[PDB]
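Novice: With the hints as your guide, set chains I and M onto chain G.
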Amino acid sequence: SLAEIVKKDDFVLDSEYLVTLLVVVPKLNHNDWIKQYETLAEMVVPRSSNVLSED
Amino acid sequence: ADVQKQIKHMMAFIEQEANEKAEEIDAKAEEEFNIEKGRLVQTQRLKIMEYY
Amino acid sequence: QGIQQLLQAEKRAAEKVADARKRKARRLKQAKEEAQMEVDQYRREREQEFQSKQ
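Chains as they are written, first to last, in the entry's author numbering: chain G, 165 to 219; chain I, 6 to 57; chain M, 6 to 59.
Worth flagging that the hints you see were computed from the coordinates, not collected in a lab. Check before you lean on any hint, since a few could be wrong.
What the hints assert, rightly or not - Result set (DSSO-like, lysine-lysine): computed pairs, CA atoms no more than 30 Å apart in a straight line:
#1 I/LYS13 to M/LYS27
#2 M/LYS21 to I/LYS13
#3 I/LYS33 to M/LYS34
#4 I/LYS42 to M/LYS37
#5 M/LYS27 to M/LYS37
#6 M/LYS37 to I/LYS33
The following block holds chain G by itself, in its conformation from the complex:
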């Protein structure tokens, strides 16, 4: 449950065309994700990679 980890700065509200999706990535798959998160879909905001928390 994510009832304590939230921050309103980590989301883009005001739904018009955008939304923040919470994606979880393994630590070994870190470098392959930060090169590919721009091209897993079309029209990705290509700079929004910020690590909220880790395990």
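Specialist: Chains I and M alone, transformed into the frame defined by chain G:
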């Protein structure tokens, strides 16, 4: 360089949607009113001629 | 930065649906009144057909 390309492609889909969400209601509802003002012309034409 | 400039770019499109509605605010009201000015065709027809009475 590739990060600035998509954020200007963000501006492209803004301008494309601005074509779609700011011209379509301008097309239909002016044509809807074109029937509506033509309705207003036709509704008086019966009434004013029966006074004649 | 990235996200703050993107919401202000939306306000160009968010004011465009106001330009969409002001083009259906003005055009709806302005041509209703020249559809009210067609009674002047009935004003000229009545006095012209008053000559048919005369």
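Novice: What hints, given by number in increasing order, does this structure fail?
Specialist: none
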